[PDB]
Amino acid sequence: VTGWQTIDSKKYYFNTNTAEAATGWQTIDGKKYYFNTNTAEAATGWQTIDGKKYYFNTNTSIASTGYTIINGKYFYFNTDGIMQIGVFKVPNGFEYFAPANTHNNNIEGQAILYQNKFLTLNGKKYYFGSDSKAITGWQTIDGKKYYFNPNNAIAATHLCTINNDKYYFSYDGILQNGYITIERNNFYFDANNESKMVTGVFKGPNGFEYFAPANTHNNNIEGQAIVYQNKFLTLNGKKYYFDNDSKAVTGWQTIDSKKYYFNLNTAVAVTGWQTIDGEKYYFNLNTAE
Amino acid sequence: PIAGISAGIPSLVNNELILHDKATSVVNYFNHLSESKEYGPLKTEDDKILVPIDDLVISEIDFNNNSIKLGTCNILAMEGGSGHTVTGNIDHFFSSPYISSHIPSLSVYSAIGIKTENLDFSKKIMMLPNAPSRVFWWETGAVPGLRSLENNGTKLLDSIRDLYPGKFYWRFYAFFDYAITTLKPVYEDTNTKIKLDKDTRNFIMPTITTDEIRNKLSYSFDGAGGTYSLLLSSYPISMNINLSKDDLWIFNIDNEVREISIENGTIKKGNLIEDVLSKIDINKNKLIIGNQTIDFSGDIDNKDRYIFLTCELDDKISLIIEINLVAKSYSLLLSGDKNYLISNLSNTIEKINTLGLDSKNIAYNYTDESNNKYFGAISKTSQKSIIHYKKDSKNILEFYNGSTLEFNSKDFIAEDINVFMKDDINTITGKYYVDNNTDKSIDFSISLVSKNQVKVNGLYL
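So the sequences go chain by chain: A and C. One point on numbering: in full-length UniProt numbering, the residue at position 35 of the first sequence is 2111, and numbering is uninterrupted. One point on numbering: in full-length UniProt numbering, the residue at position 54 of the second sequence is 1150, and numbering is uninterrupted.
There's no promise every hint is true.
[What the hints assert, rightly or not] Partial chain A-side listing against chain C, Cβ under 10 Å, derived:
#, residue
1, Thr2233
2, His2234
3, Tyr2244
4, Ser2246
5, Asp2248
6, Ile2250
7, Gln2252
8, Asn2253
9, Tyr2255
10, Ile2258
11, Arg2260
12, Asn2262
13, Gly2280
14, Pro2281
[Unchecked claim] SDA-like mimics (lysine to any residue), calculated; alpha carbons at most 25 Å apart, straight line:
#, chain 1, residue 1, chain 2, residue 2
15, A, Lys2220, C, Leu1245
16, A, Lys2323, C, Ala1238
17, C, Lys1118, A, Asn2262
18, A, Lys2200, C, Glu1359
Just so you know, the hints here were simulated from the structure itself, not pulled from any lab data. Idealized CB from N, CA, C, for every residue including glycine.
Please work from the sequences and hints to get the whole structure.
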């Protein structure tokens, strides 16, 4: 009986030429049929093989599907067919599969009703709410600002580019906002518009600094703080002037033998009628002085 | 795994080496160099080998006293900060303490808590330390929101901070969240003294990719009475072998003769480099093999010294280069099963020719599982071979041409058998007894030539 036998209550298969019951692993029809070592017992549903666990279709057929329903059990099979214990995407979302002793004393691989909680495998952070599926995107658990990658539901935990909108996430994954140090360069991810990588001039640990755009000074990076050795710039609408070092100034200062002023809160050029503890001086609309 | 996988492989940024760029990568480096308070300086892997914590500098390995001594994972210090406070393991500051390379440095091998003395060097396979002495210029960036990270690395950093109550505030609050960001190491020249015991020890030379790490680390094995081995790495490291009296030195040159490939942080051996062993420096003071210069300083005057270099030509055949340093000479041995060796002798010979060894004759000294000793010789040219052995008090000799048996005597009736080959010709010298008479003794020297034909070179009556 070369090829497919009459099952004989054991789903027997034989070699096409050798006519032998090839126990072990065999790729019939491009599949992963495991024939039991006893004689040829083949599929027995559950089948632990060298530690690797496989569930087989009782009605003969094949066992490599993923997202398979078996007597109320939903299990994931990878390309080869080994059972996994991770969080994997079914067409209904990123479902989490847990060991036996997690919840309800289930069987290893059950889609546990894990909701409204965080979870991790190897530092890879996921969160579940309502349905037991990932909510990949921007999330605000307890007022935080987590971001889970839609590709893999894994929370971003570093400098991540989203819609050309680079953000910084800590080791946990929370969106960090303010003055940050990436490698040895200094960046500002301002929280005013929910923590974008800004390229303006904002407060730092040692005074206001110019987070310049690309190639503004040497081959710098976008939003990177640069040394601005006592120069003149005006990005758009507001003039800016710093000290000898890159740090800015917020007080009565002179540049070209012209008296100048900058706001106490922010180091912005004082233009328009602005009375400063006395005479207004008519800070000019342009090149104020 | 190749050196630096668990801890980090430094990269040459600008003109300085930096192994870790992120704040949490540095904490992970300390976490990796915090296992020694739980696994010890040496951790057991595969139940067969001892491996040191990766990038943990070890200066002394005293096998005799079962003791270890570490080098200097020394890290710089700070000075400053007014109104310092500690709340929730977080250092709140009024000023900003700054790194200083002009003050005494702070050692992590005083708060890590190494069990240096009385360790278990029972397993006879060991991996050599892959870390020279290091000094760490670390820069504290303004990374925010790391005042919740609780690993073993943060425990080690807190211990270092606690042990130096005035300096090394690893993560602080200079009105902003500040923490370690970079680790820039320089490597002082390091010499590791491994004091060999009277037992047999086997060493694995780590493969360090960064040449600046490799050129600043050296090994020094003080010899004793025993047999010791060493797995040479394809990336050479300076070594100083102290030749003792009547000791056996083995240098596995598997990585030094095979195409090395690095993937997944692991070494894979490929094809043999052509003419890798074509010219071997066999000077009586040092041995340069293909790129590795072993320094032999000590009892280098021993005229009976023999070092051995082992390379696995096949899964079963092993090639052993037996070298005498004082004579600056080398010879080849081709162990393995005699049936398997004869079946594919041509592949072995072409592999040896690819290696570049010019030894025209090879010896054969197999010892199987059931204490059967198959001695013999192989000619590099013409691929002839003689295999003599004993089975059930019977002397069997087999002469193979290439791979076909052209002679076989299953009962060689003669005592004191000794075979040797001149170039391609082979000769067996023995003591036949005439008609099983101990008084009638005839010494013979014979040459086996094809089927049922033996050339009698000499007789003595």
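List of violated hint numbers, smallest to largest:
Those not satisfied: there are none.
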